[PDB]
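Take a look at this one chain, the form deposited without this ligand, written out in structure tokens.
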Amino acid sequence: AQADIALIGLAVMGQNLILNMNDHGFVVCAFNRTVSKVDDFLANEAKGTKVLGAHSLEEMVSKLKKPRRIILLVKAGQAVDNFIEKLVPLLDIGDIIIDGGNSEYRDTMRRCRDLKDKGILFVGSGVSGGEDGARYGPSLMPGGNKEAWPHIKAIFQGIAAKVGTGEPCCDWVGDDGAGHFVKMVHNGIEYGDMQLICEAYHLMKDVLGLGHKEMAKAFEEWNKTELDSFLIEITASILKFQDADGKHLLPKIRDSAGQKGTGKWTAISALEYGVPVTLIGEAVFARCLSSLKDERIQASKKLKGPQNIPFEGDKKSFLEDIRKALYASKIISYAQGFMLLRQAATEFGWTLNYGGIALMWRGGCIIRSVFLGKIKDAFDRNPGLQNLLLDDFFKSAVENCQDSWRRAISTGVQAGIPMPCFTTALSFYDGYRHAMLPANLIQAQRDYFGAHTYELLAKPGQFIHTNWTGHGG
């Protein structure tokens, strides 16, 4: 009893989080599987702080004040279970284990129930913001057993990033896997915004012939409009950046995007629960497409594009159209993200506070922007809002962007520029707007070849099977 909390996992993220907590007046006791690293940290980065070091799990648990609070920041999967295995013999009923890794929400559900049975309070929190964010103010998204929450509130909300009006980008998300589910959706959305920016980038580069100086300028300009966001800002910096030889660095790097799993999982969840989260899906498949680098080099030699028609129009107006096409598409991505969140909530019985979630994403995290503020007061004005597009601000924003959005897509399609996310976002927008869709033909076909039955428009609920085949043979 002296340390308020322990953290296991002394990679840079773990180190920065302990330092942040120490700076906020909390005595942290550090531990790591390779025990050497605890000494190293105390002699170096934590020299002259209040952090304690442990050299065995038993010593770490003796150091903790009761209810003992311990954070796991190890590689998601097996290791989290192994540490739980060790820790549970050593803990009293009412102690708290927190998993901060990017765990599978179903594993977190599992572990939360299991430990609840043994009287140990389990919380899974998403942590967002990279290593420097961890150092000064991460978004923390905790969920699991709420009895833990009053005992960690102070620590979590104290080290969390704070929005201009003082609030922490951290609050209790919900039961069992809710914090981790919100975390993976966060990353799904991140993928979506990155791909949208890549498509804007591709239109300016290849339709408008803009060099990276002018392109970085255009992005800094955009970072002063509604598109004000961390990602637009760093993109301007990346486009400017010069390598050791004075030439721009971005054109020299390989176009094969990596993935670590969370994006993929958002798409898979949308498919499992039947939610049309089409833009994150396209973003994930666009990373898959770029991985096929060698295949694409072969294809460029064989497959022909459209007739090369030079852009004949005003560069400034078109650059504005790209601005609006990105903004409208981003609106659709976020509407789809909150549709998934909403569906997961009825699927697992979570009572999510959507305005709360938007606030947790307003600062600290990679998707932070002024835009999340507008989403938050959409849900403040109406917390039962079914879809973001029905909110007057978003509805007016899309209406305003509309023919620039259509103009940018048509020009891209004429010029042969791949726009998977710009086009999904418009297709979804036009799908969702239509009270009557051609899906009635799907239903008629399925009834025709596999008797699956259909409903009439007037009289929903009664299912009919027409004998199409021969209606008079």
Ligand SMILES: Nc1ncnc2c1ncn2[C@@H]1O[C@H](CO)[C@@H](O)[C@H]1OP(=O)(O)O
Second form
Number of protein chains: 2
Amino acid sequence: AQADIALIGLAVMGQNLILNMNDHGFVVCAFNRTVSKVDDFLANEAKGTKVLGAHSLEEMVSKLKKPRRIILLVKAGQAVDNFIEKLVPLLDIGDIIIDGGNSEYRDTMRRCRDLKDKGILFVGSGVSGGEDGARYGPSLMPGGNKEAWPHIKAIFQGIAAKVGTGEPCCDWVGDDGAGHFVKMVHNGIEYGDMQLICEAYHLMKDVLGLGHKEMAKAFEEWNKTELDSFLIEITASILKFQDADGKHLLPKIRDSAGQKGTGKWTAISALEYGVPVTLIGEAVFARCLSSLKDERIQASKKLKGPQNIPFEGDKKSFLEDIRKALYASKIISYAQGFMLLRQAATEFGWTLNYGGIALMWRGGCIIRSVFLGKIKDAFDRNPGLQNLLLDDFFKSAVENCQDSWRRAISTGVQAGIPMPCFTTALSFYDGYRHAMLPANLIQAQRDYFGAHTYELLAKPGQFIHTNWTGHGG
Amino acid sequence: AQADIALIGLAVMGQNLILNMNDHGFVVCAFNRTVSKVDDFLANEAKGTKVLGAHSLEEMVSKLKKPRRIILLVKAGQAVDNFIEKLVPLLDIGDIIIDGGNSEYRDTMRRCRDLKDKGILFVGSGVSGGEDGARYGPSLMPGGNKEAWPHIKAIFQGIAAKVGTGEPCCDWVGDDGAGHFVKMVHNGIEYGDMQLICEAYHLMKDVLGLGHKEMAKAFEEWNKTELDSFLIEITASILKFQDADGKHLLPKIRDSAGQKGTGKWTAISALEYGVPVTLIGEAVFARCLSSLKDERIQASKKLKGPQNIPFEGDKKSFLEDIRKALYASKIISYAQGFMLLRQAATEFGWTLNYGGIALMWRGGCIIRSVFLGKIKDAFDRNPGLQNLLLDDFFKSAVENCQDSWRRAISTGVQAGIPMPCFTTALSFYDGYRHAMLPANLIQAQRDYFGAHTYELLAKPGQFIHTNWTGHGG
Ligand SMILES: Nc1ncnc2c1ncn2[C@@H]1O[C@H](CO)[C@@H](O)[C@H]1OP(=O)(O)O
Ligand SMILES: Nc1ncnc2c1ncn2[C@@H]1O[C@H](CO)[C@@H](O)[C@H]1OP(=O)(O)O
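Would you mind giving the form solved in complex with this ligand, to go alongside the form deposited without this ligand above?
Following is the full complex, with the preceding chain placed first.
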């Protein structure tokens, strides 16, 4: 009994987190499967720190103060269960296991119940910000068994990133899967935000003909307006960056976007629960499309585009319009993001604090921005808000951005620039805005070809079946 | 031994199919869980037919000739397994169970293996066309254990719908889940096609101001061009239809589109396998959006649209442009549809005949059209075709439709008409066409914030990690 908490997982993320913990005055007993890495760590990155290193799970379990708090930061699916397998022999009733890997929300749900059943408090939390984030201030998103929360509270919130008015970007999210689900809606939104920038970039590059210096300059001006955000910032950096030969490196790298499943999963949940999260879906699908790199080289030789009409208009005005389109669209993506969180709250019965979450994403994580701030006080102003687009700030920000957004999409469309996410955003906006949508023809068709029944507009609730076929005959 | 085949499931679909079978000279032993319905059937719809009716599963099993062929048309998930449970006691090695319900492709895979294991040949087939389809000519899509196929061959293909040059719209699709998967990609495409028409309809209604008579007239002209298809045909009918008070009924019915999971599932599979099936996804999401009927009535009061600019242009030209937009988009949806089938062929290792499938969808089913014909001889012309957009017919049909399609989307966008599917279609087309897409910035960002590595454009295969952060400092 001396180590406050133990962490199993000596990858960069685990090391940088153990280190941040130590720096906040917590003694950490490090453990890892290939126990050599523990020794390596102790001699190297952890030399001179207060950290203890175990060489067996039972040693690690002995070094702990009660209630035993151990953390699993094992990149995993299977591997987490196996560790849980091992640990429960060794644990007293009331001991805590936190799982920091980006797990599947349902696995977390399962695990939490099972361990609760065997007296152990399980919490799964999303950790975000990468390795430099892990080191000095991660967003942390904990969920599972709330009994554990006062016991891990101090650590989690001390190592958490802290926003301007000193609050940690870490607070308990909710029951069983809540943290892990919140975590993966986050990565979904992250996918959305990067595709929106790729599109803004494609429009400046092919329609406006800007070279990468001017383009980087534009991204920098943008990081000083409503778009003050980490991804706009590093984008200006990436565009500026010059290689060993002094030429820009972005033109050099292969356009096949990789994935590690979390964004895919956000889109799949929307589909399962019937939540119209369209930009994230479009984003996952735009990464799928770039993977067909060979196929597009082939299609370009054969499929033809619109007649080339040079951009005839002011470049500065257009650069403005793209700013406004990227922003109005970002709003729609986030609005859809929290509709997902909302529906899952009804689905699994969790009382999520949407402003709490907005705040946990305001610092630490890759999607940090001034923007999550305005989202947070939309939900402070009204925590029962049904949809972000109805909060006056956003309601007005979109209303203002509106014909710049339409003018950016019309030119892109004319010019042949692929804009999946920019167009879904307009399509969702106009969809949601309309109190009468042609979905009644879907319904009339379905009652016709497949006997499905339909409701009248006045008298919701009663279902009718008209015999269309022949109106006599 | 007298009944050629047995069918368990006396719903309208089961009755109309038993009846079609009888008419092709096959003695059918009908069975159903609530055995009263068998008696009801025999006295009523089946009076004077050659059909036999059982009153117990073991009686039904006795009435059968060997190899025993029984059909499950039980609307189900669970219920099918339970019947399989019952039936295997009663069956000899080599007996066949066909499952006609719209099952989950993975359940079918499972079931096929398990029964193959116990000597029984399982085949799951999609059945399509509804009850009037079932009666006189269903599309049938069989998959599972090919040993069973010569034994059910005659029945299935005799009752199948037959296309102009006399071939049945039924041929063996492939192993284990192939039939059931082909079936559900079909319903996905069906979703796509109806949303595209709702959009064409929304543009004629709000931009062009056409009343439902003229609108119906337009749909009828369209069913006489490249768009000769059953859904264009019944749409003209639905628009014309007048209620008991002599006013049009479509304006009367509630715009909240229902779902029964199959379209949802197509979109989810695309996401799981990384296949960019975007219109179907947009379609499922446009039905999700209409379900939020109360929410849109609320949003309409608060969210504002573009400045109302009257349509200033020729109505007839625009009606043309919408024809061309609906068509170019339909092409992109189908092209994506078969990319899904293709990837599943690589995924589960089935040798699907894409022209075979195109043909099975050419008659019978709700998506029947002259269009599936041209798709079929694209794949006859080249069965190794990687993507429908590369077949000269389509390659040219899109090239022709192209600035009508762009002009329809630009006006819709300006006017505020929600067009999810029409815009994804342009976005996928321009995406696929481009041999260089901004996905390299996604990659550069990911190597920066999350150490993910990237390939150079020349030298695919080697992965680099640049330390961006500071280029010195
Ligand atoms: N199957 C497994 N069982 C337990 N831990 C594992 C594991 N697979 C991966 N991990 C751990 O996940 C962490 C990050 O990938 C590593 O510490 C790794 O342990 P290792 O050091 O033994 O590779
Ligand atoms: N749980 C169940 N077990 C077996 N058959 C079922 C069933 N649930 C639904 N079905 C059958 O599915 C068919 C179409 O819905 C019906 O014939 C129905 O039988 P029923 O006639 O007894 O309702």
